[PDB]
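Here's a solo chain for you in structure tokens, the form deposited without the named molecule.
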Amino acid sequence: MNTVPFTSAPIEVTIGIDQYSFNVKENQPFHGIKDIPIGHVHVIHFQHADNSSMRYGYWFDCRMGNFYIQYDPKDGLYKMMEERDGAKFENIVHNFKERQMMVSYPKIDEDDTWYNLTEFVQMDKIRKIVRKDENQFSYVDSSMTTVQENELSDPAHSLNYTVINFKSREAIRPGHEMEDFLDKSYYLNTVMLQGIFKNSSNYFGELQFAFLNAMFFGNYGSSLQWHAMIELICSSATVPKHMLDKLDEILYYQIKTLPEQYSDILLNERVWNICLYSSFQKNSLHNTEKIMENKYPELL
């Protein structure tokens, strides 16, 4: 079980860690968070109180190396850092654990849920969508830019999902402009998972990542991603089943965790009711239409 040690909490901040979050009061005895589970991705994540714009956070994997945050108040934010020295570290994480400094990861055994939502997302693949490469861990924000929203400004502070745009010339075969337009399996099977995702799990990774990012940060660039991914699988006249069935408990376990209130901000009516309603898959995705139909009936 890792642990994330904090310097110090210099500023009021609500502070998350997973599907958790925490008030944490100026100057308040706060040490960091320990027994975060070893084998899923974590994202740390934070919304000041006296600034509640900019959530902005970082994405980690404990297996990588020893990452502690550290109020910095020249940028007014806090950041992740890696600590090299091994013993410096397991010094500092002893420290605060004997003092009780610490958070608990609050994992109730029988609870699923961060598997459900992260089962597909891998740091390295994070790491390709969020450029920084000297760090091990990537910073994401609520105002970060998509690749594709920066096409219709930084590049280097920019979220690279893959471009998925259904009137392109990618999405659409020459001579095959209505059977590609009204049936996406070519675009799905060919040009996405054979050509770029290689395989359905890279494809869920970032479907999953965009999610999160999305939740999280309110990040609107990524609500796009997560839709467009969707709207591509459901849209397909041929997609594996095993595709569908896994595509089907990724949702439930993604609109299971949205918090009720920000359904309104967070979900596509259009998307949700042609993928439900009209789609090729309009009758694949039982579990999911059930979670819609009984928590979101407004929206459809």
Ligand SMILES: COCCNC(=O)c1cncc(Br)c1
Given for the second form:
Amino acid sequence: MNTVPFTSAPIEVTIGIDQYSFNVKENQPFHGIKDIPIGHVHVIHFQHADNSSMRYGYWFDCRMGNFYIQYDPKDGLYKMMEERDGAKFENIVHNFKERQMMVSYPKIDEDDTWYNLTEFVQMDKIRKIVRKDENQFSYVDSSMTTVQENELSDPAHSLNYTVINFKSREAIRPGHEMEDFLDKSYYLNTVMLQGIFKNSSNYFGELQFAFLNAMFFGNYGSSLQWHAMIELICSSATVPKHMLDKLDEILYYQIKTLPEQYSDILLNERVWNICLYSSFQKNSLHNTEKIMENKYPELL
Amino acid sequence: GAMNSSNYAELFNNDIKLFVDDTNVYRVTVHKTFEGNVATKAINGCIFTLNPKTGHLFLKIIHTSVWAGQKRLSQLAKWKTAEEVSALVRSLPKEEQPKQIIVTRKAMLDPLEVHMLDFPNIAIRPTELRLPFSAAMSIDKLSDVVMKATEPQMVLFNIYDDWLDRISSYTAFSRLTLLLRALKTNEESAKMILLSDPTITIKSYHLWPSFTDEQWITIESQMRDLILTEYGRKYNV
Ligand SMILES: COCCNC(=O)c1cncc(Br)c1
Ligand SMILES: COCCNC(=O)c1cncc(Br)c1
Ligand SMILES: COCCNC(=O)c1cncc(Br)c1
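For comparison with the form deposited without the named molecule, would you give the structure of this protein in the form solved in complex with the named molecule?
Below is the whole assembly, all chains and molecules, this chain first.
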């Protein structure tokens, strides 16, 4: 079990760890988060008490380094840092562990929510989307724009998501205009799966990363990306059965986890009604359609 | 964006553009089967592609053979229209290609946009005007060439005849739309009006009769009366 230790909590902040969150008061004696499960990526995120603007946070994998948080009073945010001196860090952590100044990642043993939301998410793949190569962790916030959004303005700080556009020559084979627009199997299976993702685990991985950024930071372009990747599968007549079954589980847990009061902005009525009720795969997402109908029947 | 009353003069400026109307592309007669069911029989159709500035009409005749063995023909009709419009643009020298294509029904936007991805510099636009282009199959010479075709075929017309020699493109389009609106609301009356006086003839190379300026005024006046009338006969006003 791994640990993200904090130097101090100088400003009142709501702290997220994965799907958990807790409040820390200005100058409360808080020195981080312990018992973090090894084997998954994680996200630690932040909303200052004073300015609910800018949710921000860091995607990390504890197997890739010793990571600590120090508040920077110049840049005014909680910054993730790597400590390469592993004894200095283990000593720093042990002291805080002994003085019980750390909250415990509160995983219920029955609960597979986080695993189910992150099954295909990899730290090396996040690092080729969020480009900042000197660090092993990846910063994201509410206002970061996607590569595609900037086409329609700082490139270093963009979310380099996989550009999906249903009215593009990438998506539409000369001479198959009607065929390829009304049935996107070519674009899904040949253009995206076989030539970019290489397998569906990678497609599932960006889809999962997209949703989590959209839900944890209210990143609009991540929301657009998540819906686009859903719609590309649902609008394909020909999808491997293993991918349909897996998508159904993926979406089920995203819909289960979404805060009920955020359904409003984070769920696109058109995409969802299309995917569940008109698309080729309208009969292939039983678990997702059942939870959507019992939890958000207004949207439909 | 969309084309409406407020930007109506844009149709007669010097940027090449085309209207496209697909309302006569897919045409059926509906009939009873021996077993007392209903079936359709397709008849020939056409795409109505018009340069409003010049009066040039690119009438693509849609021969019933193109539906053979096809399913969902109302949806294929839109893509078939889009394919043929795209083909026509590609056939034109660059300096002759349109800068805008205005579709008269919104369901044509996506099919045309996808077929024109090679022409990112041609804007595909809808309109809010309720243009009467569906009535183009009430023009006898156009109905005839469509019904006689035995194969796919493009025929070129000037729907303004020689009018631009005497009036502007704004006035010629206004006349056309009034004639077409009349034909749509009451084809028989509209036609009786146009062909009453046998001294006025239709030149072999024209669609409408050779009216003098003064005879066009009278005609235009009678077509309004018809349209106001039929609006009463319809609404009892
Ligand atoms: C040269 O050492 C200065 C940087 N390291 C730290 O300040 C530190 C290291 N690990 C955990 C925690 Br919390 C704090
Ligand atoms: C190939 O573009 C770089 C990202 N590729 C992935 O295949 C992927 C996989 N999992 C998560 C994420 Br986030 C992306
Ligand atoms: C009134 O909202 C206009 C933007 N619409 C959204 O649905 C949205 C906006 N920002 C983030 C996310 Br996540 C969703």
